[PDB]
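> Please put together the full structure from these sequences, using the hints given.
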Amino acid sequence: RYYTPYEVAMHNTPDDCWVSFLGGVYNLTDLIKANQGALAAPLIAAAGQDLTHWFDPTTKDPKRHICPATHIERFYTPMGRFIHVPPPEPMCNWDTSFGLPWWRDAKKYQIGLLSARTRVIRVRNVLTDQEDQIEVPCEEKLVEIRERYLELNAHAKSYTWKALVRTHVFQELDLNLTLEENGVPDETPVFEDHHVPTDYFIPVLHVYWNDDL
Amino acid sequence: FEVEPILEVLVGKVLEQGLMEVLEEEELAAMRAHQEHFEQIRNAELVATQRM
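These protein sequences, in sequence, are chains k and E.
Quick note on numbering: the first sequence equals residues 10 to 175, 181 to 227 in the entry's author numbering.
If you're matching positions, the second sequence starts at 156 in the entry's author numbering and goes up one per residue.
These aren't lab readings, by the way, just hints derived from the structure by calculation.
Among the hints, a few may not be true.
[To be verified] Restraint ranges, calculated between C-beta atoms of paired labels, are given here:
1. k/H208 / E/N198: 40 to 46 angstroms
2. k/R175 / E/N198: 27 to 33 angstroms
3. E/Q195 / k/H164: 56 to 62 angstroms
4. k/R175 / E/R187: 55 to 61 angstroms
5. k/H164 / E/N198: 50 to 56 angstroms
6. E/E179 / k/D138: 39 to 45 angstroms
7. k/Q139 / E/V177: 45 to 51 angstroms
8. k/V218 / E/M175: 40 to 46 angstroms
9. k/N224 / E/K168: 53 to 59 angstroms
10. k/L189 / E/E191: 34 to 40 angstroms
11. k/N224 / E/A184: 56 to 62 angstroms
12. E/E179 / k/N224: 37 to 43 angstroms
13. k/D188 / E/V177: 54 to 60 angstroms
14. E/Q190 / k/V218: 34 to 40 angstroms
[Unchecked claim] Negatives, chain k to chain E, calculated, CB over 10 angstroms:
15. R113
16. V129
17. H164
Note that CB positions come from ideal geometry on N, CA and C, so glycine has one too.
Here you go:
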C-alpha cells in the first residue's frame, strides 16, 4: 500500500514509531523496544519525521566522511549515534553478532511505501449534498481512494463513482486504474508555475447511490 | 298503492349503484394522486442532480 506524509506523522512515540526514508515507511517500534538507551535518542527525537537526509541514494547506508579527529572513514552522524552504528574507538561492548542494519532489513521493518506526491480530490455525494476535500497519493488506484473515502461514508462500496472525463462529460471510472489513467489529470505544478493558487480549482469526483437491499 | 313497489325497486337500484360508483372513483383517484406525488418528488430530485 501507500502512505501520505501526514499519515506517517500520526505515529510519533516510543510506543508507535514510524519513519520515512528513501521512499520507504518503516515501523521501528521493536527496535526502540529492544534498544532503550542513549542510542535510541536521535531517532526517537525524529519519530514520525523524514529520515532521508541521514542516508545517501547510491548506497542504503548513512553518509560517510573522513573523521577530522581520527582521520578514519566512518558514518556522518551529526544528530548522534543511532542504533547499529559502531563507536569511533575500540570498545568492549559493541557486538557485531547481529545480522543486518535496520536500514537494510527491509523485510522485517518495512510496512507500506511512502508516496512521492499527494493531491487533493474533492468528493461530492450527489444524493445528500456533502462536499469534502481530501488528500490522496497522486498515483493510487480508485480502490484505495474508495478505501480512504470509506471514513466519510461507511456505505461507499454500494455507491458508484463518476468523474468529468473528456467535450467533458461525467463518465464512469474503472476501479483498478489510478486517477491519472482514468483521465483525471494533475495540474498543481502548472498552477504553481503560472501563479494560480493550488486551492483555486480542485478535480471533483461525484458519488451517486446504487440502490440495494 | 300499486306504484309503490316499482318506486322502491328503481330507487334502490339508483342509490346503491351511485354510491358504489362514487366510492370506487374516489378511491382510485386518491391512489393515483399519491403515485403522481411520488413521481413529482423523483423528477425534482433528477432536476437537482442535473443542475449540480
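> Now tell me, hint by hint, if it's right for this structure.
Tested hints:
Separated by about 43 angstroms at the C-beta atoms, k/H208 and E/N198 satisfy the suggested range of 40 to 46 angstroms. Taking 27 to 33 angstroms as the suggested C-beta distance range, the pair k/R175 and E/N198 conforms, at roughly 29 angstroms. Range check, E/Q195 to k/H164: about 27 angstroms between beta-carbon atoms, so the 56 to 62 angstroms window is missed. Checked against the hint of 55 to 61 angstroms, the C-beta distance between k/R175 and E/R187 comes to roughly 44 angstroms, which is inconsistent with it.
Roughly 25 angstroms separates the CB atoms of k/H164 and E/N198, a value that falls outside the hinted 50 to 56 angstroms. For the hinted restraint 39 to 45 angstroms between E/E179 and k/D138, the CB-CB distance of approximately 43 angstroms keeps it satisfied. Look at k/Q139 against E/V177: about 49 angstroms separates their beta carbons, and that is inside 45 to 51 angstroms. Between k/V218 and E/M175, the C-beta spacing of about 58 angstroms breaks the proposed range 40 to 46 angstroms.
Distance hint check for k/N224 and E/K168: the Cβ-Cβ separation is about 56 angstroms, which falls inside the suggested range of 53 to 59 angstroms. Restraint check, k/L189 to E/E191: a C-beta distance of roughly 39 angstroms satisfies the suggested window 34 to 40 angstroms. Between k/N224 and E/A184 the C-beta distance comes to about 35 angstroms, which lies outside the given range of 56 to 62 angstroms. The hint said 37 to 43 angstroms for the Cβ distance between E/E179 and k/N224, and at roughly 40 angstroms that hint holds.
Taking the beta carbon of each, k/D188 and E/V177 are about 59 angstroms apart, inside 54 to 60 angstroms as hinted. For the hinted restraint 34 to 40 angstroms between E/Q190 and k/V218, the CB-CB distance of approximately 35 angstroms keeps it satisfied. With a minimum CB-CB distance of about 53 angstroms to chain E, k/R113 clears the 10 angstroms threshold, and the non-interface call stands. For k/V129, the shortest C-beta to C-beta distance to chain E comes to about 20 angstroms, beyond the 10 angstroms cut-off, and the non-interface label holds.
Distance check on k/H164: its Cβ is at least 18 angstroms (rounded) from any Cβ of chain E, clearing the 10 angstroms threshold; non-interface status holds.
Hints 3, 4, 5, 8, 11 from the earlier list are contradicted by this structure; the remaining hints agree with it.
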